[PDB]
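Before I ask anything, let me first share the structure, which is written out below as C-alpha cells.
For subunit A:
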Amino acid sequence: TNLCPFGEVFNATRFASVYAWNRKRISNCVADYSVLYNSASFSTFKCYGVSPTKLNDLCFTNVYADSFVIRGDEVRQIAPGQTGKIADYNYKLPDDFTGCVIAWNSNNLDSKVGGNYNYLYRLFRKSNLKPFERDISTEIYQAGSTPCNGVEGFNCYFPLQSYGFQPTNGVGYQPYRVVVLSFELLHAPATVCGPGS
Partner candidate 1 sequence: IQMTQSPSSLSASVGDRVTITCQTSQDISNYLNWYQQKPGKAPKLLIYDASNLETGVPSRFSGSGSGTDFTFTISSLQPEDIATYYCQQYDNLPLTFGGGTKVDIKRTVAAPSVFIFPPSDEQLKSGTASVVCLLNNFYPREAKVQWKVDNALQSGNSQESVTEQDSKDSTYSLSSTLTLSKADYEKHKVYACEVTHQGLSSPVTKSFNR
Partner candidate 2 sequence: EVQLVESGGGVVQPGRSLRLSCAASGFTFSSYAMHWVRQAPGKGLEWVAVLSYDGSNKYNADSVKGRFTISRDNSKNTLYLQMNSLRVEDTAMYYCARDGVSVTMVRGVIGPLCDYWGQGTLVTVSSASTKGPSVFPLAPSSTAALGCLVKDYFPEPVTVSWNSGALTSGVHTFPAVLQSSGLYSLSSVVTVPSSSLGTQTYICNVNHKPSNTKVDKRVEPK
C-alpha cells in the first residue's frame, strides 16, 4: 500500500549538482506514474525503452531515481547515446537505457539576483565516463603536454566550474531540475509495481 516516495524526489528543496548527481533507490512500494504525465509542469519528458501507455501497468524489480541540476542547453545530452561536456564527464546514459527522463525549468527557485553559484559541473576529464559512474574527484586536471603539480595555471584547471544562475539570463542558461528514473529488471521478483497491473 505504501506508495513510492516520488514526492521526496522532485519537490526536494535542495538538489545536488550534476557532477555529484544524487541517487535514491526506489523499492518495495507502489508506482503512481499517472502523477508524472498528468501534469504540464515537466518541460522535457522522454521515456526510453518503455511503453508510452503501459506506464501504470508495468512492474520492475527496482527503480533508480537520479536527480541533479543543469542549465537549459545541457538537457539534450541527458539521452542514451549522446556526446558533450555533461554526457562525457558528468552523467553517461547507456545505449540500452530503459527508463524515463523528466526535466522542468526552475529559473525561480535555483536562481537569485547577484548569483547562486552553489551548483557545479565537471568541465575536464582525461576519459569519458562509463554509465552510472559518479565522479566527484577533486584533482587539478592537465590539458596540455606540460605537467602540472596541482598549480592552477595555464593548462591546469580545477575540474569543477560553477554555474551562474541569475534570473536575467538567456533560457539556455537557466536552471532545469532533472529526474532520471531508471527501471532495473533483474532475475528476481518485482518490488515496484503500478496500480493497474
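Keep this in mind: contacts are C-beta pairs under 8 Å (C-beta built on N, C-alpha and C of every residue); 3 or more make two chains touch, one makes a residue touch a chain; residues count from 1.
Criterion applied: all candidates are chains of the complex that A comes from, given by their letters.
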Subunit A: touching candidate in this complex (1 or 2): 1
Residues of subunit A that touch candidate 1 when the two form their complex: 5-8, 11, 13, 35, 109
